[PDB]
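Using the sequences and the accompanying hints, generate a full structural model.
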Amino acid sequence: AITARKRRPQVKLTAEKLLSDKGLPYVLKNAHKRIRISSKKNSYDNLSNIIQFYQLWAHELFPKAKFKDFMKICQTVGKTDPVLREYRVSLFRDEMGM
Amino acid sequence: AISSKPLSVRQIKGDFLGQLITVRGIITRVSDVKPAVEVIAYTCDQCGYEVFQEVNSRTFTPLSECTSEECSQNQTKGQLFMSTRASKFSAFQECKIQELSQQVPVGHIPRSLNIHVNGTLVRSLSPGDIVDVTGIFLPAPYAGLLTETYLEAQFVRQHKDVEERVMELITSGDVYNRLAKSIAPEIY
Ligand SMILES: [Zn+2]
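Just so you know, the sequences run in chain order Y and 7. Take 42 as the starting number for the first sequence in the authors' numbering and just add one per residue. When the letters of the second sequence are read in order and numbered with the authors' numbering, they come out as residues 219 to 360, 368 to 385, 396 to 423.
These are computed hints drawn from the structure, not numbers from a lab.
Example chain Y residues on the side facing chain 7 (calculated, C-beta under 8 angstroms, incomplete):
1. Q51
2. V52
3. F103
4. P104
5. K105
All residues carry an ideal CB built from backbone N, CA and C; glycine is no exception.
Below you can see the structure in the form of structure tokens.
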């Protein structure tokens with residue numbers, strides 16, 4: 042019987058991983074706590090105040106890709122997964138149920 | 219009993235490799251102290267989790283790709299950069315011992331041996347010291370099967396109050412005459 046023959050394993054960002062606790066639930070837990078926007082600061086600083094959280098979260102979730110590439114993959118997988126669509130509409134369904 | 223015996227350098231035949239032996243000679247030259255690596259430490263830029271390389275050899279190859287699972291499980295080909303602060307260095311010093319004039323047979327050249335001394339034992343040896351040094355006699359590959374060989378030092382045995400004790404001679408007296416006669420006392 043067959044003694045082993047090799048193959049190359051691979052990993053990428055995926056909707057299940059993006060739906061794990063360290064994915065979007067981490068955002069719902071931490072984003073409103075960590076981002077703060079104020080009229081007391083210029084636009085560049087406020088934009089950075091948004092971006093710093095999402096960049097650190099994106100790295101800690103999936104350290105392979107650059108932040109811009111991460112955003113592109115997030116947009117495309119968001120465009121093309123039913124589970125992620127269900128979760129996303131479920132957030133606003135919950136807000137509608139408030 | 220072999221670690222007790224004070225061999226001359228030419229009596230250190232190849233049969234003694236790996237053994238703890240004691241060698242009697244004069245230190246003919248000594249290197250300045252240099253840092254040898256024991257464990258190299260690498261920071262990883264793209265995950266922060268450091269990694270380490272223990273070095274057992276005269277030479278080593280530096281790591282590049284982050285082997286830590288914090289990178290590798292994410293298949294993230296992050297970059298390793300060496301850091302001196304987090305690396306364990308050890309004090310290293312190379313010395314050369316040479317067999318004494320009484321040990322040389324008739325008509326032979328005085329043979330000599332490299333001593334490698336590490337750690338706290340460093341700079342226990344000075345040139346011109348006549349000394350017994352215990353160490354592990356070991357090979358090093360460079368020739369082909371001929372070996373470089375050295376002694377990993379382990380122990381050193383050297384062969385070689397006043398402001399009131401001076402009052403002994405002051406009270407003993409006739410100091411100029413006696414101290415003058417004491418220069419080369421056997422010389423008439
Ligand atoms: Zn890493």
